[PDB]
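> Please arrange chains A, B' and B'' on chain B, whose structure you already have, making use of the hints.
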Amino acid sequence: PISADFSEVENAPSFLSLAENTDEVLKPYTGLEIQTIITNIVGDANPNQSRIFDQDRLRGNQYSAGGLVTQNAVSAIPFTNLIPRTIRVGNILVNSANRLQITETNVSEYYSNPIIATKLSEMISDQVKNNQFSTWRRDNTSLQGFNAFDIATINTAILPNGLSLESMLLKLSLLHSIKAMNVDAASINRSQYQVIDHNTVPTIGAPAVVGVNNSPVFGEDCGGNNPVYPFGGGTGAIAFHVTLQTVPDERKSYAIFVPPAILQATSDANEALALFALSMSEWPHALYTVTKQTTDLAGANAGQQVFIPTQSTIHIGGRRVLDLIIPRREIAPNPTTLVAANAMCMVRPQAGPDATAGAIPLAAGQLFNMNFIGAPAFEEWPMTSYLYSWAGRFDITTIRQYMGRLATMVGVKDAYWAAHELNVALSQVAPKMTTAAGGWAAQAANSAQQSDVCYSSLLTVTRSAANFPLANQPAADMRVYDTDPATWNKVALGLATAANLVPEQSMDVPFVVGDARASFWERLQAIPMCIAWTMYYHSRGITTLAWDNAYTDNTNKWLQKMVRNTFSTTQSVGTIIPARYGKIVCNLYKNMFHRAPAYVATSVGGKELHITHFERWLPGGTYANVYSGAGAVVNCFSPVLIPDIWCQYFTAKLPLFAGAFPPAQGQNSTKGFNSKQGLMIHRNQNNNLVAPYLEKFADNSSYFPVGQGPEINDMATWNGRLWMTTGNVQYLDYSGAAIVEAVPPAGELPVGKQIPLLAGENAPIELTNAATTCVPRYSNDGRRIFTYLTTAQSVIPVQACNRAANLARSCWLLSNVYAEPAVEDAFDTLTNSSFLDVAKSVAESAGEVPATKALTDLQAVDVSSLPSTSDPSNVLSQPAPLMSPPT
Amino acid sequence: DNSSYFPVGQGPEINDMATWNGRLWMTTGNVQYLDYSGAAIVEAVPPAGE
Amino acid sequence: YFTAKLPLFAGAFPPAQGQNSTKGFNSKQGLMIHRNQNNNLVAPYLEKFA
Amino acid sequence: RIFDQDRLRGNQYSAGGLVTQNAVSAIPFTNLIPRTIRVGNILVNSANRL
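Just so you know, the protein sequences line up as chains B, A, B' and B'', in that order. A prime marks a further copy of an entry chain.
Numbered per the deposited numbering, the first sequence spans residues 789 to 1610, 1618 to 1682.
Start counting the second sequence at 1487; every next residue gets the next number (the deposited numbering).
Start counting the third sequence at 1437; every next residue gets the next number (the deposited numbering).
Start counting the fourth sequence at 839; every next residue gets the next number (the deposited numbering).
Note that these hints are calculated values from the structure, not bench results.
Just so you know, not all the hints are guaranteed correct.
What the hints assert, rightly or not - Once the Cα atoms are required to be at most 20 Å apart in a straight line, the calculated DMTMM-like pairs of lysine to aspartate or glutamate come out as:
#1 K917(B) x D1666(B)
#2 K1464(B) x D1521(B)
#3 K1464(B') x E1483(B')
#4 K815(B) x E1168(B)
#5 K1371(B) x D811(B)
#6 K1464(B') x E808(B)
#7 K1464(B) x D1487(B)
#8 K1464(B') x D1487(A)
#9 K1040(B) x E1168(B)
#10 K1464(B') x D832(B)
#11 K907(B) x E1499(B)
#12 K1441(B) x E798(B)
#13 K967(B) x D1142(B)
#14 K1484(B') x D1487(A)
#15 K1441(B) x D1037(B)
#16 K1484(B') x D832(B)
#17 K1484(B') x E1529(A)
#18 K967(B) x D1009(B)
Unchecked claim - Covered by chain B, per the in silico footprint, the following chain B'' stretches (three or more residues, Cβ under 8 Å):
#19 839–846
#20 853–861
Where is the CB? At the ideal position from N, CA and C, for every residue including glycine.
Bound conformation, chain B alone:
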């Protein structure tokens, strides 16, 4: 919140107060929290009616330090998911000179909620045991038309991990994020196309066209009409089956049953099959492309401009070949001939409306010839082309309906919301800041600096070094959970369940799915993530070069622990453990925004720990820096990516060191802190250098002692900002010597990105659009960093710390409002009771059927011999169930 008087900044909460862990439960951050402030919309409304094409800026009056008032000043939204692939130069569209951004994931099995066999599987085992008294081969009922021997094999040897569903739901949310772009322009912000290319102006008159494998440069059309994997460079295989017996022996252990709860629609069922095939294979299967009509700043030149979505570049390794087992239409003997097999399909697979070339060409609408016993030749298709043909037909409303049918088998609300959080964390991206004196700056068009970019975590994104397909693989950026086919098979049929797998009474998905407003919201959810990470890095004074080398440094020992505990590299009792200091950022988010991040569970010996997206990053990336006006790098600062008005205008509570400078009000303007706060001024041998009041330990260190670093003090950081915010500071040593790190040209600070204005807008003035809170303190070689003024330049600021004088600073002219976290149809009121009881019954539906053990017992030869009597089912202990105990 913005301070109105110095009394408000002086009474702001300390940083340690906000990093305490909190116990209360909290609602999710939906992004409407920002929408109420930066837009007209007050209640639910048609996105097309609202023209949210023009709702993409912070706006407001600004006050200058000289006493003039600027009206209709603006600041751009920092994030976007679009990477320009053609760029404007000299008012003419031209191709990109820079290689594309890429992301890599770590994917592994981990323990989840403990799992248990259902009543129905106890039924199946009873059927086998009662059969054993006979000469007859029919062991058990064949569930949902699948072969009874297959139910017999699926119902055996369960894993103790539990099941996750995370990678699946990620692939589905990445694709939803990509197709969301395809709606009309009135519902997408202009700013999203010009976060990187600030010289282009998108036209409102046509919707953007999403396509596949089209890019002009660097071999980014991964085969074109003859598709191959963007990373592997190969091609997959996909084969369909009625029974497991036809699956080749080399890969019968990898097969996946396709549940018939999906495919229940009158239409779009073959499409549902293609989509389910997409959610369990490797991603990306192709490079998607957004194409939008755009024009020059004058609106003269016009053309189709090419963009690559970030979601289409992030790699999630999975299976390349796969085998799906289609539901049977009626219980029957397995087919021995082709016609018997084709006639027997519930949904018969076919190619989508888009022809492909190469070996095994696919015609649009082409049907598959089912595999069967005694078949002369095994049949299969390349998978990259099968996913290619349907790729242009997927859209948001169908993914919503699919996901809604999926909802009725298993819980998918929280899991999807978590995978969506991960989507937003890996996809929204901002360009690096430029230093300046004034309010705006940008790098040269079609330059390496223009396109260099960063995560909400202040880490730079790696680039490709060669033409697609990529011969080699980048270090992983983040670790996600995998979904095992075996336990998937057990759960899809009702043989097993766990607390995270329970169907939910809503029978419905998160609000973000199926909306045309989704891109705007995802763009707005990245903001809090950066606010929390920047508070994390700016609470301490380490410079970007020192982070950049911290992991291996042996100059200091504390810097190493500091780097090492910010990432996830610990495990215990077979499962993943969250980064030890990511919990601090998680704590900060809750205390500052009064909301709760989405989390998954991990079981450690049976105890549940929560893991948010903050705790799962991996070491190896480079930290964000800022460039000079000429494009030279600047190392001296703490990492930064966004201007601090975003931090301080969208919080309920903020640490004291980061607050805004208060408005002029008659005599009183700005104020500092002195020896009455326990601070002290630093002087050296040189009489023409002065540094502010600082912590008392600062007098007795020029190098930090090994095993120790700079402390949290909010007031000293405050005076550090007051010194920097004068236009003439020196970033120096205890003795007044130059530090090893590169420093900006004098008096400059990093500032936010420039975008073209609308009529009536003004550019931001002075330091009203700049990071300020990045006060350096820890040099790479272990020296302290000081901010010096000359004596004459020193007098007014020191008296201002003494509160005898006043400093003059610019501010936004804005008030504080932070909203509370917060529909029945007539038909819903008509049916509310029946919905209330049926929803309650579905929660226990599990593998349940009305028949009890007491009925089935009457049908048995011997009740005592039944495995259900001698082994009643229990939840599995972790990591392993007891085996061969000492009697």
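Frame of chain B, contents of chains A, B' and B'' only:
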């Protein structure tokens, strides 16, 4: 708040009498199906009066 | 400037005083914004009968 | 360096509403009487009695 566009997540309410008045306007010879501004709707329409 | 008492609708705009300058009225006063079929036109909070 | 500590310093506010920064006022007193004086950028002797 649904005078020209319905809010996302809401639709027209059940009101028997307005539907009745709409039948009265329709049973007159030359009804015209337009929007709030009096502009053409996207749906195909019957030749006039039918 | 020459009244002892004046109706609320007619008062002067208040002076700038640090952060705070001028202020309006919203749905918490019982008002509502008006929107039409055209997305590039906006009118203030107004009475609900409007 | 009290060589440079010889002025009143501070921001000033104007009646027209602009803010001047780093404004100064000299200390009025001294004990030194100049005996050579600068004229035309060149040092020269004093014309005035002590």
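> A separate judgement is required for each hint: does it hold in the structure or not?
Okay, the hints, checked on the actual structure:
For the suggested pair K917(B) and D1666(B), the alpha carbons sit about 13 Å apart, so the restraint of at most 20 Å is met. About 26 Å separates the Cα atoms of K1464(B) and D1521(B), which puts this hinted pair outside 20 Å; it is violated. Our distance criterion of 20 Å between C-alpha atoms is met by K1464(B') and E1483(B'), whose separation comes to about 12 Å. As the CA atoms of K815(B) and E1168(B) are separated by approximately 48 Å, the hinted pair breaks the 20 Å bound.
Between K1371(B) and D811(B), the direct Cα distance comes to roughly 13 Å. Compliance with the 20 Å bound is thereby established for this hinted pair. For the hint linking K1464(B') to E808(B), the alpha-carbon distance of about 36 Å lies beyond 20 Å, and the restraint is violated. Among the hinted pairs, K1464(B) with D1487(B) is consistent with the structure: their alpha-carbon atoms are about 17 Å apart, no more than 20 Å. For the hint pairing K1464(B') with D1487(A), the CA-to-CA distance comes to about 16 Å; that is within 20 Å, so the pair holds.
Between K1040(B) and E1168(B) the CA atoms are separated by roughly 15 Å; this keeps the pair inside 20 Å, and the hint holds. For the suggested pair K1464(B') and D832(B), the alpha carbons sit about 17 Å apart, so the restraint of at most 20 Å is met. With a CA separation close to 58 Å, the supplied pair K907(B) and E1499(B) exceeds the 20 Å bound. A distance of roughly 13 Å separates the Cα atoms of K1441(B) and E798(B); the hinted pair therefore holds under the 20 Å criterion.
Between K967(B) and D1142(B), the direct Cα distance comes to roughly 17 Å. Compliance with the 20 Å bound is thereby established for this hinted pair. Straight-line distance between C-alpha atoms of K1484(B') and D1487(A) comes to about 10 Å, which keeps the hinted pair within the 20 Å bound. For the suggested pair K1441(B) and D1037(B), the alpha carbons sit about 61 Å apart, so the restraint of at most 20 Å is broken. Taking the CA atoms of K1484(B') and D832(B), the gap is about 17 Å. The hint holds against a cut of 20 Å.
Pair hint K1484(B') plus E1529(A) does not hold up; C-alpha atoms about 31 Å apart against a cutoff of 20 Å. Among the hinted pairs, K967(B) with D1009(B) is consistent with the structure: their alpha-carbon atoms are about 19 Å apart, no more than 20 Å. Closer than 8 Å: that is the beta-carbon criterion, and the segment 839–846 of chain B'' has 3 residues meeting it against chain B, so the requirement of 3 holds. Check on the segment 853–861 of chain B'': 5 of its residues sit with their Cβ under 8 Å from a Cβ of chain B, so the three-residue criterion for coverage holds.
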